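Number of protein chains: 2
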Amino acid sequence: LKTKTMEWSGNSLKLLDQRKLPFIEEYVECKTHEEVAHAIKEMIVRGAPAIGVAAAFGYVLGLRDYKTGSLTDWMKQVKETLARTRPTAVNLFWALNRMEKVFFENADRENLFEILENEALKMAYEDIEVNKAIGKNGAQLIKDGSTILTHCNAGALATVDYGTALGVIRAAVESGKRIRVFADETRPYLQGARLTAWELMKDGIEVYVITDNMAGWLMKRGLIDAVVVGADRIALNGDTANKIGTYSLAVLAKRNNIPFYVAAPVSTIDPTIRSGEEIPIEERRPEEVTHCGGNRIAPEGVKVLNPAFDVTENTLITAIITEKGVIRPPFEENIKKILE
Amino acid sequence: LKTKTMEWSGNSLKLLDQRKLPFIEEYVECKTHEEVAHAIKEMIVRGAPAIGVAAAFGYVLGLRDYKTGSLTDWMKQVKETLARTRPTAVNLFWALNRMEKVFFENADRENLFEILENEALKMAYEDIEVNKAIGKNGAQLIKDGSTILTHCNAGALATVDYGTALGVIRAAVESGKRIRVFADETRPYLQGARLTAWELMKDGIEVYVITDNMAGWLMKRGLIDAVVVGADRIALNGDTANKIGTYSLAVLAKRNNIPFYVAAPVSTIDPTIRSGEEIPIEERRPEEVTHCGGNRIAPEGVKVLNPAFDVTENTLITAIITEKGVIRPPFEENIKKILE
Ligand SMILES: [Cl-]
Ligand SMILES: [Cl-]
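So the protein lines, in turn, are chains B and A.
Counting in the entry's author numbering, the first sequence runs from 3 upward without gaps.
Counting in the entry's author numbering, the second sequence runs from 3 upward without gaps.
If you are wondering where the hints come from, they were derived from the structure by calculation, not from laboratory data.
One or more of the hints may lead you astray.
Copies of the same chain look alike in the list, so a pair counts if it fits in one copy or across any two.
Derived pair list, reagent style DSS-like, types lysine-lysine, alpha-carbon separation capped at 27 Å [unchecked claim]:
id, residue 1, residue 2
1, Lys145, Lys305
2, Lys16, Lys6
3, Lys305, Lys204
4, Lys222, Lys256
5, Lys256, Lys43
6, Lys222, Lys305
7, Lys179, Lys305
8, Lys305, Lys6
9, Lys33, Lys4
10, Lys204, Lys22
Work out the full structure: start from the sequences and follow the hints.
Take a look at the structure:
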């Protein structure tokens, strides 16, 4: 397992420090499940899909960290320390739960480490495959020669590889369609300007960066043919939690009769919730808002709010692109079909 | 004439360097009509209202710069050099035109300089007064104990003093109403986080700064009672041109049944245009987007778009707060009444 986002050295997990791009391309080596937790918590690694696989490995390292007392209790704490990092994206729990299950069924096997590491590996290789499929299904919805607006970074850096929303793009381009992407810088973290822009230019795909308060006007001016974004948590309802600001675009998209698509793997669909009001919303540190890449921009001692995600009601979504097909209204009715 | 935004030393114009706040509070001295132009062009001074008075003074300096040839041709050029700075805000032309008229009628007067400078001063003293009236008229629309979202900086630093949209706030507070403001940082320039936050904290008014992609969700969550912003150019139609991102707020406001108010002096209403499609929209340098206040944030050699304003159709505006009253639908019909 070796890609731009992460690399598995058998006994450690290397993560591209996404909080340092687009200028610095260094890596962070995680050796302790606590470090992977830290890398996730600090957003060194990020993007629902990639948080899971990365979480799965930190779990494997979790075993390699074991020393005394009960193995079960300790593996339970490793899982708890990793899950306690970031709320919203359900991929994290989905990964952890899948891994813990393997564990409970091989805890007595002497080749435990080999077995667990194997699933994590099996998992990463599936994400890239799942993504290329999402890209393929989404491509058919993108008419040649169009301008697609995106949000956050639902691409290579947000997954093991290829990406979800950006995967749909790479696939349309691969099919041979002239395409250009308007990418919101997406503050405060600036995934758009620092990550999406970067991996897209590095792939030879036409890219423009715009401030978040621009998307609206540009849609009204008729420069955007479609809006495609990723997700962190989709409910049985179809409501999807994604990077703060995704909701507003959805609203603006309806007002300008512009298709709004959510590209995400089935693993992002939380089967335990009915609607989007049940999705936990992460609140991050005040620094992210008062600063911008290092420098403080707001006055000293100012109050702020910092939700990292918002929720878009399903009625504002045209369709959900999955590795198993394009889901359309009635969502609750169709998602239930795909789930099985 | 002495306020935080600008000061008239009789033979030079001192402008608070708004592109350095909230940390550095230095001033820039303009002695040539060209320097005032430069200050305007670079946004050392900014905010429709303040751009006018500042332009009016750079005009008197224009006379002070006179040396040879025809006095009329030179003053015409001074006016042209000053008007060629920033497109959108009509306050600039309104000011320049008012000043040139005074000039044309006193050109042969021995006390020309004293006369022209006198109008400029008379103009500054009127703006502050006009604002306090806008503030008062708007205060009545704000219910005690409410949370108000603003955009850009339509406050003290955008006018000679007091401000327009923020004037409405200062006034509601003066009346004795518990009030707090959610101020969008407003990228790329960050007028919100750097200016609105600053002058509001310095006035002892509860303030929170949020990234632009947040307003939408926060409105849906029910934390915002009303949205009040300023304007750069309002048409007879009622459509108003304001800082890029204002249009989206208006849209998000309608969706969440939230009052949207535009506070601006009559001098911002352009009488020569019928609708908002006739408003010129300024496009500024790409650096403003690829950089954030100081450091480069986007990849080297990336494409971007940079509109400095967008247009909000009148049908999305609840009312326009003026020093002459609260204008309501039918705008075209009512605005025609306020003008006469
Ligand atoms: Cl709807
Ligand atoms: Cl409407």
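* Asked: Looking at the structure, which of the earlier hints fail to hold?
  -> 5
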